[PDB]
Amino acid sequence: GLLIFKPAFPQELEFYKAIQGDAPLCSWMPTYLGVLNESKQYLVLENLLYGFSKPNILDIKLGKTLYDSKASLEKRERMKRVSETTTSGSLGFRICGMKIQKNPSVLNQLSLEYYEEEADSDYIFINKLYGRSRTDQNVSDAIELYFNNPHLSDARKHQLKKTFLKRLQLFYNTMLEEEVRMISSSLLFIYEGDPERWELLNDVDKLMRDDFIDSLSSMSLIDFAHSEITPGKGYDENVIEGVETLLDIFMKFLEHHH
């Protein structure tokens, strides 16, 4: 599963084509490889899950404003409602979903309405209703829940929080330099839930993802159907505000853990 096939939206295709010592934006994105035709067209992308044994996935939507210019006022109105009623409008980001290995301690406290199990795996899908119902006060706990893998020691969970903080510092620095406007893009977090793989790699976790063409965790930026390059227009303040909040949250994870 080296590759992903995503239905092509012309604006997302144009964004990948336009893009592809602070890191450049492209280094956060999946590698775009081309298109496949059916006709139905698909974007062919690097699979960000490739190489993980038990990937644990967190999708976060970036921005207070959640519509672009091309939006019909019907969806413009729907998107203002989403922003106004979730952490998007207050904090600049919201949890969109997760797919994580179930932790018995977690499952006991989480409402049945917030997730979908299966018999065929140890994985739960944490749904949109969960992410939309997070408040400014409990959203930090929701992120700590993501990391609460039953197979990882407290030392490894902490390492990951620290590594992702560093990625957020680097991503913030990238965003100060990029002249783009990105609407409803996601940061995609992935970490390795299999501690045999932590053994194999001796707990060494690359800050930046290996260039695909020529990791125990990764942070990526995905979903560019409402993105475009905007040279001369300055940095994306809308997105950076969400990043600023994530930085505060992740720095707080490190408090008290001397």
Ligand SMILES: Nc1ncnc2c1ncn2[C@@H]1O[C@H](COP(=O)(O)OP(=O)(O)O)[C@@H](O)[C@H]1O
Second form
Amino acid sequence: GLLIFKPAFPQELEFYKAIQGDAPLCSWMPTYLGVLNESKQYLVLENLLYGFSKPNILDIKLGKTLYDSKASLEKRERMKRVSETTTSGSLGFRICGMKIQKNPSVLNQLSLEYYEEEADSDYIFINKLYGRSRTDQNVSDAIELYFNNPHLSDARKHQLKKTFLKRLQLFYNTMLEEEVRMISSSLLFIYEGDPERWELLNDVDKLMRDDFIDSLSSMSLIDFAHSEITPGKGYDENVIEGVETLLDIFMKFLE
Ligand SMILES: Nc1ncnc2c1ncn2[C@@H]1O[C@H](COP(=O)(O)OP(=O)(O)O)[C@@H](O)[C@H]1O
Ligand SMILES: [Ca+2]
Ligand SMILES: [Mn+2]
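May I ask for the structure of the form deposited with adenosine-5'-diphosphate (ADP) bound now, the form solved without adenosine-5'-diphosphate (ADP) having been displayed?
Zooming out: every chain and molecule, the one shown earlier first.
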């Protein structure tokens, strides 16, 4: 699974083409590789999950405002509604979903309408309904749930939280300098749930994701169907606001 095939939306295609001591925006993004014509057209992207034994995945949508310049007013009113009733409008981010290895402990406390299991595997999908129902005050517990892997020590989990704090510091620094407007982009967190792979890598993570063309975890920026480069127009404060709230949350973890 080296490559991912997304259905191409022109705006997202255009954003990847326009982009591709602070780290540059593109170093947070999947490597864009081209298009495939099936016609149906697909973006071909590097698979961020490649090389993980047991990837544990968190999708956080960024921004208070969840509609773009061109949003039809019917769905602009919908996106105001989503923002005002979730942590998006108050914190600048919301949990969109997770795909994680089940901790039996966790599982029992979580209501059945919040996840999908399976007899074929040790994974649960934690759904959008879970993310939308988080409050300002309980969302950080949602993020803790994410890292609460049954296979990892408290030491390794601590290490992971410190690693993403630092990536958040870096991504924040990137964003102060980037002249873009990204509507409904997500941060994608991934971490290795297989302790054998930790041993193989000797608990050594890499702050920045490896170059695909020329990790025990990663944080990436994805989903650019409502994003544009806006040179001269200054930094994306809508997005930065959610990053700032994530920094505060991760600093509380380490306190
Ligand atoms: N490069 C990638 N590698 C691995 N998984 C990806 C990649 N891009 C997207 N995904 C997966 O697809 C999910 C949603 O894709 P997204 O980019 O949000 O699409 P949409 O524009 O349809 O909302 C993410 O939660 C993630 O698990
Ligand atoms: Ca070893
Ligand atoms: Mn998305």
